[PDB]
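Note that one protein chain is taken out, while the other chains of the complex remain in position.
As written, the chains take the letters A and B, and residue 1 is the first residue of each chain.
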């Protein structure tokens, strides 16, 4: 019979009506797609905790001994001729400053010098007692106490060279001291600076009963029992205290432990409603009250949050208050957890389940905006996909309905390669197609057959079965296809017009016979397209903007 | 007849050809959707106003009296043996400093002491007049004036103990003072600090003719008429002035009101082109020159912008200049308005209508980017929806065209539930379908009927009308459907092959009679689907980045 290569494109004349049954195909009349289930999200109370920066504040008492002399008797009687060194000295502990601590009196006429011990006073006893008194000042936190505040005698009489009048003074000053986070040194309000740790001699090292230091003393007293009330003596508890003897003054302050006094964690904000969304390797806590999102590693890095013993007595109260407020429509679902974000902030998470009726913080806002946009885009894509699936199902149903007329057209539409088909029972049977000798083609110039009013609907063709020596007569179909049975006939009509398509050339029949071959493109080609004039997203550039120039910053000064 | 439950799925054999007319349906041949109208947006000139931080600057004049003594005559003749207290004193107002104000001379030999009034001088008159003079220095803003600048006599002769030579000095210093925003205290360039308000005795309280203060004087003089020109005397206006007598010096400066001198609002930028878009409860002003967007509440919070009386004379000029520049293609459309953003910046809005031919600022940039992305996405969605509507209209038209062959298939395609329909006149009439007894089914194993070449196209079936005792003969259709009229016949063909679908089982007829029952899935099922391999949007994490570490910040120091 006829054999050869199988057709793969609509460019070579081919004929195929073989009765050999091929593959069997059926239309999938049942098709559907489901709807995704909503992914529920956990919620609960979220608390943040920024790093504290407020310095530690405590009160400190200072003692200082002042000795001054005036020598103004130049000529007959001069005034303010010259002044002495006025060197101040630390208060000695000969009486352990017990009288000063009593805030009642003190021993004047201090004796101390680098060369030899010499007593300086107003010509009185070496260990005379002078009653202290408070002096008012232009300060609400410096209750200075003065003894012998008036200037020296300064006789100003007729003296040859100068006078020798001099007095001594005892000074008790109350001030406030502040220390940084490391708590290794602190500076008082007056201005003095000392390089010792405020926390010592109480659950801390670098302090002992003997007095010894590099330029200091660092002496600790057990149950000092400071009266601490010069205006009205009282009976306070003998609290512990320490002393530091500098080169010119002595400072005293109560001893306290580093723990249970100051720890670096302060509450910033509380969000009664928050959403936690898991991810590949991190969490996401949403706080829409300030439009920010905090990310933390999946593992609860704060596995030992019991070291921060301070907050164990306040985070409980805040959580209790928040859950009491939210108890109307929410209940706890699990144990509390502590996380640690990359920015240095600590998060406290307490998941809650609904009850059935029956300055570097810009990246958080950026993350929030990105998450919102991504969620919106994903939801839109999901809806579009569902609509497309429904449309595809309907389209397939139409296709099946259309296939009931001629399966060959539908099969050639679905598969790019031309094929052939027939409705075996209720099942399409697909067979391949076979070409013929392209050179051996002959088309009659007249479609008018014998008799009358029975003219052929399509021109008759003759060809050879490829690699064979034989001739057959067929009728030209469509897309360069040959049909063995020539049953296409029609009644003759006056001024009949006909056109045919054959690859890049066309045939024209103004009458029952014509060969006005013209180009295929000469006839207009209609289009059925719904253009999608989509507009892409332009890409822009961002520029840094500074509110205040460097000139204004310099002009700010201090 | 036959009655029972109505079919709801393609799983039970059913037959329905009832002549009772049901509901009437017609194809909506006319369908269309409109295009949304563009929402025009207001535009106009927008000006921002940041909070001023530049400190107030004004000139201040200082007067001070200096008395010093030198006693160097130790042994035979010593030098620099000792110095006096050199205590400086404020300039007294015995002459009301009129001579000093004249910048011509001053009264030397000042007499003042805490004990008793003693006059110190170079052994001259108590009220002797000494002419002032200017002294050059290494400063471009300190025109210090000195009288008696040379050191004391210091005889250095043969004296037993020391000398008594001493002189006095009058000092006039011109300096510059700066004050913070509250204007409650200020510090001069020299270094002195005073806790009085720079604005006083002129539209301000805390100032009166009597001199009285807590450690100060705060004296006001009416029409002081300061010459203010030591190099060349002039005749200036008698401007008002005030004085403050400290413990060692006196400061003077001209009095000015708090208003009309310094107010905290400075212009930052001007945008001749901006867009205002309304929202649910806020406005949105777009400034694309710096890629930022400012949001303000809907209500014009700056309802009393007349309090800032300073800007009423400059915002008018800037607006006039901008509108003069833009008058080529724009004209004003409404009255000016003032807003107040959440960040603390003040906005000035002046809408303009086109003329017909015939450091915390990152959130603004974030808002700008979010708005741009949202607008682009919304526009894309609108275009997609319009294209989808056009496609749906065309699809409905194609469905109506297809319905002209057999309405039953189209109706069963549109409605999931199988139905029976027909073309009454030019309107489809749909009727419900009725099942039969599933158990009472019988299919003949041979489709070859009597005579020859008239074999049945489909096998004949027999069943009972559900809840009834009767038998009927029908022909099997498709999707388990029965047809009463058995007119499906065809010419007998040798080696005829047939297949049929019945729920999960199939029938095979290799000849005019066969019962090779096989599974339905044995035959391949072709697919007609255009997969939408959409790619979702991945979610990433942002990390904080610091340009300079804390070590570099510490190394910066001052």
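Keep in mind that, in the parts below, contacts are C-beta pairs under 8 Å (C-beta built on N, C-alpha and C of every residue); 3 or more make two chains touch, one makes a residue touch a chain.
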Subject >> Residue touching the undisplayed chain, where the options are B:396, B:440 or B:449 >> reply: B:396
Subject >> Residue of B:96, B:142, B:424 or B:518 in touch with the missing chain, whole complex considered >> reply: B:424
Original post:
Which one touches the absent chain: A:76, A:98, A:417 or A:543?
Top reply: A:543
Original post:
For the chain left off this view, which of A:8, A:29, A:33 or A:87 is in contact with it?
Top reply: A:87
Original post:
Looking at the whole complex, which of B:128, B:360 or B:527 touches the chain that is not displayed?
Top reply: B:360
Original post:
So that we can see where the missing chain sits, which residues of chain B does it touch?
Top reply: 21, 23-30, 74-75, 78-83, 138, 151, 154, 160-162, 279, 282, 295, 342-343, 359-360, 362-363, 365-367, 369-371, 373-374, 376-378, 380-381, 384-385, 387-388, 392, 394-399, 401-402, 404-405, 414, 424-427, 429, 530-535, 537-538, 540-543, 545-548, 552, 555-557
**OP:** Mind listing the chain A residues that contact the chain we can't see here?
**Re:** 10, 50, 53-55, 69, 71, 82-85, 87, 113-115, 118, 160-162, 164, 178, 214-215, 268, 290-292, 359-363, 365-366, 369-370, 372-374, 376-377, 379-381, 383-384, 387-388, 390-391, 394-395, 398-399, 402, 405, 409-410, 413, 478-479, 497-501, 506, 509, 523-530, 532, 534, 536-537, 539-544, 546
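In the analysis below, only the chains that are shown with their structure count from here on.
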Original post:
Just curious, how far off is chain B from chain A if you go by their C-alpha centres, in Å?
Top reply: 18
